[PDB]
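There is one chain below, alone, in structure tokens, taken in the form solved without this ligand.
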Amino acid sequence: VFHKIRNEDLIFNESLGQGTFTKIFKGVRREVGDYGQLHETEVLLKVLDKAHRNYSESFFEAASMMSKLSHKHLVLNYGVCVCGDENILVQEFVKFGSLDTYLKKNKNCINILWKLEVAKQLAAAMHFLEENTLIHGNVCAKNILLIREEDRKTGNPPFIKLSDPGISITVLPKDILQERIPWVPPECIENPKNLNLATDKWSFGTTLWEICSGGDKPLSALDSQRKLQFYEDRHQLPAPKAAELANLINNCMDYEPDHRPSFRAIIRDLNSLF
């Protein structure tokens, strides 16, 4: 289980937006670190809405399970603050924010090599999860954090981490799941209890589509009724203008979950493109 952090050691600063039944803030944690040195550490504070306290177990659960598995491409959770009426997840603060925003902001200069590197790193994270039979359940660009930017001057590629999934689609309202088409795969719209490792392969494809589409969100022009019919008609996403990953996107977003390729095979596919 997560380490418990006192409310007194957390300072809330600026809002950084909202998630599903959550509000997100930049903050600071006062802590004693290694060698007993005192630190004033920048943190990301994810706060469950008071009205939705009933989702608290799910809010913390998969995050907790992920945090038991240390990996260079998985987000660092420091712990939780559950003092008083608060349900707060305390995370590392990532300077450059999440990928959905970054892609839009730096659209004019993100190229195939950058995308490929980011795709490979995400696949590495997902393979690690697959090997540990741990379902993520919400792979998307919003849940990818940019730890560091590319530096051509020095040879450094960008570096990302996969963030926590938030509250599970197994407990969310049907209308939220529908809004999340096409990240939520067809079998989970049919029955949320179908959440499986194969789920993450589909969402990974949707996420590659984002990475190639400059901040665009697939099917955003479709209301929830039309998103449902999109799956009923067995449509695929349009190929991004930069189509280098289109085949992979389609191979991952397979309406047959058993046919979706392993992350090992996906990684081998990615390596062949360079």
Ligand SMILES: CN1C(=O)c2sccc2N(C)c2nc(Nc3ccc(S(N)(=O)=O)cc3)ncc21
Contents of the next structure:
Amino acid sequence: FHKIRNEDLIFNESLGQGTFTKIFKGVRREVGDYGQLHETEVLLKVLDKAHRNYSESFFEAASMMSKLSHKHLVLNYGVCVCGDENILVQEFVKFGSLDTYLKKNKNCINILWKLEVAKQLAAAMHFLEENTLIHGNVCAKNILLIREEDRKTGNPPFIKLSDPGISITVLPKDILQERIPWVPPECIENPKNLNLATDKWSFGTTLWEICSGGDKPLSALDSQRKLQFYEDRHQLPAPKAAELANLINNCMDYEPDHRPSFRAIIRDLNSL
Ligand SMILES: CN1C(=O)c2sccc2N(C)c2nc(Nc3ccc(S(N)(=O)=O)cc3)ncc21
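What would the structure be for the form deposited with this ligand bound, given that what you showed me was the form solved without this ligand?
Full assembly next; the chain just shown is listed first.
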């Protein structure tokens, strides 16, 4: 990673939290192209000091995204570890996380918008699959909206997939159960069962989020009931706008070997 000086970073408003992390908007003073000074908006992810033991995992996640370059992957500017702090410095995406955006804009997000955003996420996951890189935490909160749909231009929305945060392979089991149904059944059984097929399951759950106006599947169920949901081999209910329901269910296959490749997922999406 590129090491960024603390003096060059300015923390501003809190933009929420991740697992064991606080997220902030920030400003980075930098020498840009042609040597001109800029103040660039950045996103700052701070690992909680009480959870500093996850430092490695915390950075590994983002490191995984940094070794590949792709239009649908969020950019990492680097890290600030000068001091007790563990700071990750990423690009600031203007319109924030997709789950929030889907909630706030639900009244005017239609089927074509959902299909375009699903195609983009599928394309990003296909890039990862082709590179045999496991994301491990595909969810609508980890999708960021770079630009909104502009029907006057014909411009579609454009999304980027963010880093997965601290790996489910090292997280406490109660946090893993709270993350049902994003975390696949096999990973509840064994978190070290982290595979490429994991991302197909989680992509299905994310599609459900995208089609459900930002609702959280199974949120009414506590941890015991989410566990039982997997034990009883249930599927999520079809969204009211059910045009993606079969794809959601084909991705959320309890048999990981039977989950479709992202090429087949993309061919389905195009067929819709
Ligand atoms: C880089 N990045 C992330 O990795 C993740 S992963 C899960 C959440 C994020 N976050 C917080 C982000 N929010 C943003 N920009 C942004 C813009 C507007 C708003 S809002 N809804 O307050 O107006 C929030 C975040 N830009 C980028 C991110």
